[PDB]
Amino acid sequence: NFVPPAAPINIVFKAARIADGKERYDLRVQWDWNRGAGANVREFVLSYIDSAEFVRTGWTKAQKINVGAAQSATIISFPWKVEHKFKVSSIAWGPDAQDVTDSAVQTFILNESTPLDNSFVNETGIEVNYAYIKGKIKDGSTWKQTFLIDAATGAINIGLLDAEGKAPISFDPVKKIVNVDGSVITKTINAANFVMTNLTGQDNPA
Amino acid sequence: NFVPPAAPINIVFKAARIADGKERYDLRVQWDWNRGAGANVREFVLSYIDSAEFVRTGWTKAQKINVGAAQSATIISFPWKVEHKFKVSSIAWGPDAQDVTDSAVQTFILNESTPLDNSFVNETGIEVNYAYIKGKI
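Protein chains in written order, with the deposited numbering: chain h, 208 to 413; chain i, 208 to 344.
It should be emphasised that the hints constitute simulated quantities derived from the structure, not laboratory data.
All C-beta atoms, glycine included, are put in the ideal place defined by N, C-alpha and C.
Careful, some of the hints might be misleading.
Said to hold, decoys possible - Not close to chain h: a few residues of chain i, all C-beta gaps over 10 Å, as computed:
| hint | residue |
| --- | --- |
| 1 | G243 |
| 2 | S284 |
| 3 | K288 |
| 4 | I298 |
| 5 | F315 |
| 6 | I316 |
| 7 | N318 |
| 8 | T321 |
| 9 | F327 |
| 10 | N329 |
| 11 | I333 |
| 12 | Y339 |
Claimed, not checked - Derived BS3-like pairs (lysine-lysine); straight-line CA-CA distance at most 25 Å:
| hint | chain 1 | residue 1 | chain 2 | residue 2 |
| --- | --- | --- | --- | --- |
| 13 | h | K292 | h | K221 |
| 14 | h | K229 | h | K288 |
| 15 | i | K288 | i | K271 |
| 16 | i | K341 | i | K268 |
| 17 | h | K268 | h | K288 |
| 18 | i | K221 | h | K268 |
| 19 | h | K268 | h | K292 |
| 20 | h | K341 | i | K343 |
| 21 | h | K383 | i | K271 |
| 22 | h | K288 | i | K271 |
| 23 | h | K382 | i | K343 |
| 24 | h | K373 | i | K341 |
| 25 | h | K341 | i | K341 |
| 26 | i | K288 | h | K382 |
Isolated chain h, as found in the complex:
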């Protein structure tokens, strides 16, 4: 009396933004499977592949993981900004052999829109992020930050800040400028360091 079951339905996605640091993005897959026809489904198998990889080859060499009876499995470190094709399989089991009915393809990608359960922002002093890699020193209610690199404006920052948006040896290759100051030890030069420029007339070489 074995009869093939029906595929899962009501596929729903969600994710937890990060881990402690490194911006490890966690992707969870949830779905609902109904009852009333076919056989009592046994377990599942979650298979998915890269969006740009499906076009070249279809559902072969794809990413696959085992699933529990809870109808929801999770990928703990999901790639960021690279889409993916997600399919969930309702593998059955019969006395002699089995047979599988799959759900319809459903592609999704996590972005800055609608994460949840995101309470893994635990400052550690070296906060590596997909949007910036930086180093800061925690203190009181003053998150004093020293090192920074931002993948939004190429800003490279070092040392505590006193300027409105700059620090003594911070940098900005955008609208390029090499900004530094002070030298405790100086026993050498190679060129004069004599002229003054950035104003041909009103920065008098001196």
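Assemble the complex: chain h is given as a structure, and chain i must be docked to it using the hints.
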């Protein structure tokens, strides 16, 4: 009429090079299990341990993950340049209890040789890599 099954064979490895950034190396395990003797195998269990850890202690405290009926499970963030001993178990199931037949050990490590399905190079401006950490615009 329960009879122990046969171990999986034709073990084959492969990997996807990276994720978006951070060079998260993804390792997939694929194998083929045949039919004709013993019982109808039920599911599997993929167990593996560090190369330098097996010598000190054997197949205890080893890394183990559940497996599906597809005969292929994947490790999404595999250590780089540190070898590993991989074994796949064909766990059976009988009316009173079960019994497992394992495949032969097969160690492998991902390196700069022969990755595939590697289309996760998505520039983000802070490209952290095992070979370099850099920031570009």
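* To do: Verify the proposed pairing of h:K373 with i:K341, using a straight-line Cα cut of 25 Å.
  => holds (21 Å)
* Mind checking the alpha carbons of i:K288 and h:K382 for me, to see if they're no more than 25 Å apart? => violated (41 Å)
* Would you mind confirming whether the straight-line C-alpha gap from h:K341 to i:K341 stays at or under 25 Å? => holds (12 Å)
* Does the structure keep h:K292 and h:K221 at a Cα separation of 25 Å or less? -> Answer holds: h:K292 to h:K221 is near 15 Å, not above 25 Å.
* In terms of Cβ atoms, is chain h entirely out of 10 Å range of i:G243? -> Non-interface label on i:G243 holds, nearest chain h Cβ at 13 Å vs cutoff 10 Å.
* Take a quick look at i:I298 and tell me if its Cβ sits farther than 10 Å from every Cβ on chain h, holds or violated. => holds (12 Å)
* Verify that the Cβ of i:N329 lies farther than 10 Å from every Cβ atom of chain h, and report whether the claim holds or is violated. => Violated: least Cβ distance 5 Å, not greater than 10 Å.
* Far enough from chain h: is every CB of that chain over 10 Å from the CB of i:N318? -> holds (19 Å)
* Below or equal to 25 Å on CA atoms is what counts here, so check h:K229 against h:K288. => holds (16 Å)
* Asked: Is the straight-line distance between the alpha-carbon of i:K288 and that of i:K271 25 Å or less?
  -> Within the cut-off at roughly 20 Å; holds.
* **Satisfaction of hint between h:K288 and h:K268, Cα-Cα up to 25 Å** => holds (21 Å)
* No chain h beta carbon within 10 Å of i:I316's -> holds (20 Å)
In this structure, the hints that do not hold are numbers 2, 9, 10, 11, 16, 21, 22, 26, in rising order.
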